[PDB]
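*Asks:* Below are the chains, spelled out letter by letter.
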Amino acid sequence: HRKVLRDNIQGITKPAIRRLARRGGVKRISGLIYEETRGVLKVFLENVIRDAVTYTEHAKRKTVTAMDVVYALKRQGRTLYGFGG
Amino acid sequence: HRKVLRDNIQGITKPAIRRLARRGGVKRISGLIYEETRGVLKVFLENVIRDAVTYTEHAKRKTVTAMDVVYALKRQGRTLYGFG
Amino acid sequence: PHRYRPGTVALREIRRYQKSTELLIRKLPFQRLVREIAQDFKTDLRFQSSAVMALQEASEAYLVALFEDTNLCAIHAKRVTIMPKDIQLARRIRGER
Amino acid sequence: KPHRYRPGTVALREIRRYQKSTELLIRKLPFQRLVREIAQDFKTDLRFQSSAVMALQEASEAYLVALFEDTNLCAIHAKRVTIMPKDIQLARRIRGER
Amino acid sequence: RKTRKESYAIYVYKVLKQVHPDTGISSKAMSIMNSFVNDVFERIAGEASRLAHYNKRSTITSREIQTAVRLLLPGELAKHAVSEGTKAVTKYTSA
Amino acid sequence: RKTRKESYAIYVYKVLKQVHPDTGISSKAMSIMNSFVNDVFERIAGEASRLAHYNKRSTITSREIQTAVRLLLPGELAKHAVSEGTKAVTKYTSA
Amino acid sequence: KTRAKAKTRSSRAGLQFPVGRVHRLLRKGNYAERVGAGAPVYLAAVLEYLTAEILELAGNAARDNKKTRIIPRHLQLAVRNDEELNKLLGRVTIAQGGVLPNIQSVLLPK
Amino acid sequence: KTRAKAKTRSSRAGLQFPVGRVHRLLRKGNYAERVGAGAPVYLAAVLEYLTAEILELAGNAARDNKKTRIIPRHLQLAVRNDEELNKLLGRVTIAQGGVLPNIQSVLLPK
DNA sequence: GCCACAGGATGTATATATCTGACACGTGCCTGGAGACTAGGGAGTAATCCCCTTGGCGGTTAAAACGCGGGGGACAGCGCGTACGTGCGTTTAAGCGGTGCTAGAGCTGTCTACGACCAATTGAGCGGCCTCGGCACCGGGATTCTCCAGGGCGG
DNA sequence: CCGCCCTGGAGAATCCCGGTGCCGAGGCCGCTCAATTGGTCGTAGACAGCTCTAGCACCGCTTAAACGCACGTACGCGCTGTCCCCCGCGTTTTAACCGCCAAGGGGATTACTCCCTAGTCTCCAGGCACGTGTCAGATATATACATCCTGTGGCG
Numbered sequence: 018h019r020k021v022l023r024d025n026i027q028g029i030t031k032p033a034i035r036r037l038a039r040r041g042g043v044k045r046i047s048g049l050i051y052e053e054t055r056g057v058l059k060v061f062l063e064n065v066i067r068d069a070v071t072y073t074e075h076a077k078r079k080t081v082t083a084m085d086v087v088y089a090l091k092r093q094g095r096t097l098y099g100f101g102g
Numbered sequence: 018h019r020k021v022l023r024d025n026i027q028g029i030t031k032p033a034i035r036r037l038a039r040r041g042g043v044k045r046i047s048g049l050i051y052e053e054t055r056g057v058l059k060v061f062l063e064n065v066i067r068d069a070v071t072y073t074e075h076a077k078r079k080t081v082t083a084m085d086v087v088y089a090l091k092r093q094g095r096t097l098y099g100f101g
Numbered sequence: 038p039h040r041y042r043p044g045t046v047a048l049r050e051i052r053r054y055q056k057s058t059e060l061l062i063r064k065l066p067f068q069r070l071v072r073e074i075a076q077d078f079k080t081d082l083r084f085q086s087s088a089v090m091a092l093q094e095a096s097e098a099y100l101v102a103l104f105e106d107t108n109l110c111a112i113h114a115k116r117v118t119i120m121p122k123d124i125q126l127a128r129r130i131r132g133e134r
Numbered sequence: 037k038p039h040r041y042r043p044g045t046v047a048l049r050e051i052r053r054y055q056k057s058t059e060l061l062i063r064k065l066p067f068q069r070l071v072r073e074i075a076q077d078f079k080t081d082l083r084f085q086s087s088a089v090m091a092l093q094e095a096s097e098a099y100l101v102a103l104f105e106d107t108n109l110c111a112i113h114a115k116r117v118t119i120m121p122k123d124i125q126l127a128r129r130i131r132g133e134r
Numbered sequence: 027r028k029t030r031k032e033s034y035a036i037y038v039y040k041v042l043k044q045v046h047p048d049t050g051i052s053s054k055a056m057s058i059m060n061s062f063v064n065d066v067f068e069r070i071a072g073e074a075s076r077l078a079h080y081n082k083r084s085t086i087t088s089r090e091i092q093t094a095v096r097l098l099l100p101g102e103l104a105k106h107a108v109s110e111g112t113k114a115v116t117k118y119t120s121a
Numbered sequence: 027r028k029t030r031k032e033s034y035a036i037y038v039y040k041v042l043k044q045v046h047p048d049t050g051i052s053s054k055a056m057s058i059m060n061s062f063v064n065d066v067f068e069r070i071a072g073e074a075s076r077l078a079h080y081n082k083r084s085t086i087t088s089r090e091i092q093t094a095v096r097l098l099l100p101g102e103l104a105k106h107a108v109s110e111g112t113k114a115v116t117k118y119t120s121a
Numbered sequence: 009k010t011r012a013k014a015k016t017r018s019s020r021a022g023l024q025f026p027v028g029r030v031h032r033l034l035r036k037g038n039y040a041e042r043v044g045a046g047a048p049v050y051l052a053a054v055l056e057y058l059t060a061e062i063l064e065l066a067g068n069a070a071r072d073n074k075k076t077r078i079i080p081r082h083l084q085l086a087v088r089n090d091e092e093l094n095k096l097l098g099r100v101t102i103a104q105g106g107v108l109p110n111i112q113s114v115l116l117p118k
Numbered sequence: 009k010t011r012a013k014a015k016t017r018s019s020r021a022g023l024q025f026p027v028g029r030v031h032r033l034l035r036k037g038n039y040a041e042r043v044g045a046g047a048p049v050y051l052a053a054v055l056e057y058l059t060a061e062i063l064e065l066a067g068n069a070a071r072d073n074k075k076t077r078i079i080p081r082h083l084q085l086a087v088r089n090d091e092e093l094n095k096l097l098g099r100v101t102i103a104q105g106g107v108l109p110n111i112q113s114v115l116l117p118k
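Protein chains in written order, with the deposited numbering: chain F, 18 to 102; chain B, 18 to 101; chain E, 38 to 134; chain A, 37 to 134; chain D, 27 to 121; chain H, 27 to 121; chain C, 9 to 118; chain G, 9 to 118.
Check before you lean on any hint, since a few could be wrong.
As the list claims (entries may be wrong) - Straight line, CA to CA, 16 Å or less: simulated EDC-like cross-link-like pairs of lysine to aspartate or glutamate:
hint, chain 1, residue 1, chain 2, residue 2
1, H, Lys54, A, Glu59
2, H, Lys40, G, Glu64
3, E, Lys56, C, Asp72
4, D, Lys40, C, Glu61
5, F, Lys91, F, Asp68
6, B, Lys31, A, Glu50
7, C, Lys95, D, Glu102
8, G, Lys95, E, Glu133
9, A, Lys79, B, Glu74
10, E, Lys79, F, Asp68
11, C, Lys95, A, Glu133
12, B, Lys79, A, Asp81
13, D, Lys105, C, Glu92
14, B, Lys91, H, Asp65
15, G, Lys75, H, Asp48
16, F, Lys59, F, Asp24
17, B, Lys20, A, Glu73
18, B, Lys59, A, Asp77
19, D, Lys54, E, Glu59
20, D, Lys43, C, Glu64
21, D, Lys82, C, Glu41
22, F, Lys79, E, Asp81
23, E, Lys79, F, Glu74
24, A, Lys56, G, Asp72
25, H, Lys105, G, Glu91
26, B, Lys20, A, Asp77
Hints were generated in silico from the structure; no laboratory data involved.
Input sequences plus hints: build the corresponding full structure.
*Replies:* Below you can see the structure in the form of structure tokens.
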């Protein structure tokens, strides 16, 4: 099954961004916040996934691993606890 | 040769802080800015100097070298080029 | 009619989500977004469930921290509403943009 | 009639002069005295290299100029041209120092 | 029968028992604790490697570890950690 | 007579002659350039060592260096550095 | 070859964390060519102290939450409530740990 | 004694950076147990390319400043005006390099 | 034209029961840590050379302090119109559960080439020393930026 | 109609050019140390075969959440105004800086020597893996508790 996904950034719904802002302590949100947040999330994900895929490709593997994700985040200085050792 | 310095934070004068703000690109400056800037500079220097003196004591030396300051800044993630 | 004032339910949600510990973004949409992004890097990629969950935890933590800083900037500007300019200022000071 | 520049033109001229220039904006002897006074608390009877003190001064000035750029951004965001202690506090808090 | 994956699970459980005698720890919290211990180990050992390289040494000694601990851990944490490390080192050398 | 210290001064000067034949370098700028070369070397070597350790290898190879460059340098800088390194290694192996 | 009874260096130094394992990890991590005898003891002692401190705070948090098992939420509460632990782990995200409950004063109602 | 002619690996790879010195610095830096044959060549090529790029930009900046010598101000101008060089050296402060001329639009007198 | 709150309405901490699944415990076993030993070189130590850091002293003048005028802007107050929060009816696709398939992660066993190691040579670049012009500086002149004292026709 | 608005010289700062001079960039030379040549060896790594965990794919359903739309109220944004605090500038005081000098504390080096760590062989026991049976926890639910929002009493 060879299929292509496109425009999943709208899968990060407005209620999800609202919940993230609520956990961030935000009491009132502008209407243009959601697309800006989608863009920021996309940039962050692209930066992290580039390094994770680079680690996977170096390892001569086809499976991106949680440890590769952790290594990419540590490269970005965002150490993540609880996904291996 | 025992000399104890005190109240040297005032040696960072108001015109010096104004020059730093101008270099940063600041037009107007509030009156209470200078005390805040002196405190910020003091905490920054305290951190960097503490790390540098830790390196010096480990080296068993008695004079803080330029490489000690460079390594302290690198510990702070503030790589300084031009001192070794 | 028992409509609450504009902000009481918002404060209730803030308390609820700061008390809770789950993932605020839907797992299948986030996984599809991750796979769409990773398509451009290497075709025919497989992701562990642990890898997708690690990405989701990192992304949600990052977005929550950014929203905290955004709220700080908005309150600095004497506003209770966060704005894209607040987000941009927070990112610019942090050094991302 | 005596001549007086308006408030702002001389400040802009200083901004241009100091951005074009590259010399240290803090007096060397007062800064060295401050460095030694601060280092006294950590280890007494310390000596310093001239290059070490120059490195400290250049690093501190670079840090303060970056902080003032961020403070100016915060003040502009708050619809002001004057930088304030609250602007400095917000800049440091966003950068993670407070 | 596969390759054994080492972890500090039993050691962290023993420390938890000696601190809180009537407390458990879930699998997720144990994994986070293992990651934290490995992270602190990496930080301290990397700092010790930097110190050994800087002093043109080829050995990581208790002095290097103590200086690394002072550089990394903040304030009272550094003081308590130095005290405990010194106490353990002396108790080791006595035996 | 004292201990002789090594630096990339002459190599940076040769590269400057290759690029701009009619430009010179001050002592301070040369020191800054040497620090820059050292910092890039340290970053690349650290990243390659991390890759070798995390893949349970024990060799630093051109593949490790290529991955480290691609991880560290951004965009076009990394692409051009990879091209230059591959060309240099191909020439070195052909020779 | 019945030699003398073996004693673990953790027990010799009065530690719970494995001194021998720490020594092997130091020797196999390319950290230096040589590793001193007291370096593993010191490092294991520091690791045990940090583990004990964070576990004590997390157990206090779990007890305050009226639970008998430490979970990532309790670990996050302990770390973010202790100032020094927060400064040590400022660039760290704890998985499924949530955030500290805080609402800004200007956002509070009146 | 009669052996083959001493041809440097820098010349063999067509570089201007010391392949042998980079090899020694990789071997003695405690990075891994072993260092490959192509690793010093690749690393020397990358270092030479980055040095050439920054030197080219600094020479252009010096020429734009009516000078024939590269100074720390010229290095700073090159690094902060090249987008990717600024990305690579974002957290690096150049000694006596100053700051770029950047005055805010709002602060500009209108 | 507002002030307090009683009570309705709703969210929510508490106490009880009932599964339930994973956490802590026990137990066989295995590989890695401890014991004991030898070998060698890394670092401690002691003496020495010199360099560069600190302290002093004097003169100059650049800079900092300080006071004064005034006007640019920070901040309060007020108003208003869009816009986001609240809530309810529709819908959709997320989660879950269950089955199926196979691709690739992980392991194991041979075997090869390749990098560390060591003996020996030699030339490459660090150090040190002449040598000349690129740039800072002073002198002098043209250009430009900025600000203030006159001309003007507007709904 | 009147403040409000549009403008060219005056003064200061910036730019521009020419002569002076210096010290710092730059070439050049022997020479010691680090790179290069050339065999050896044993191990790290490449690769083929094999096992099975685990990732991908699909069907159905159940509903929790996302979607969409109406309403209105609190909020961002704009306008005016007050005054006060910061800027520009002239005058006086301060000490930063520059030059030179001295001396001594401490950096850095050089033998040497011995003890501390790498490396090995062996053994045994601490720790991983694997069952497993129960007790902390999630949940369903009836609370009573805790909190928000508007009319009704009240008058100046």
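*Asks:* For this structure, which hints from the list above don't hold up?
*Replies:* Hint check: nothing fails, all pass.
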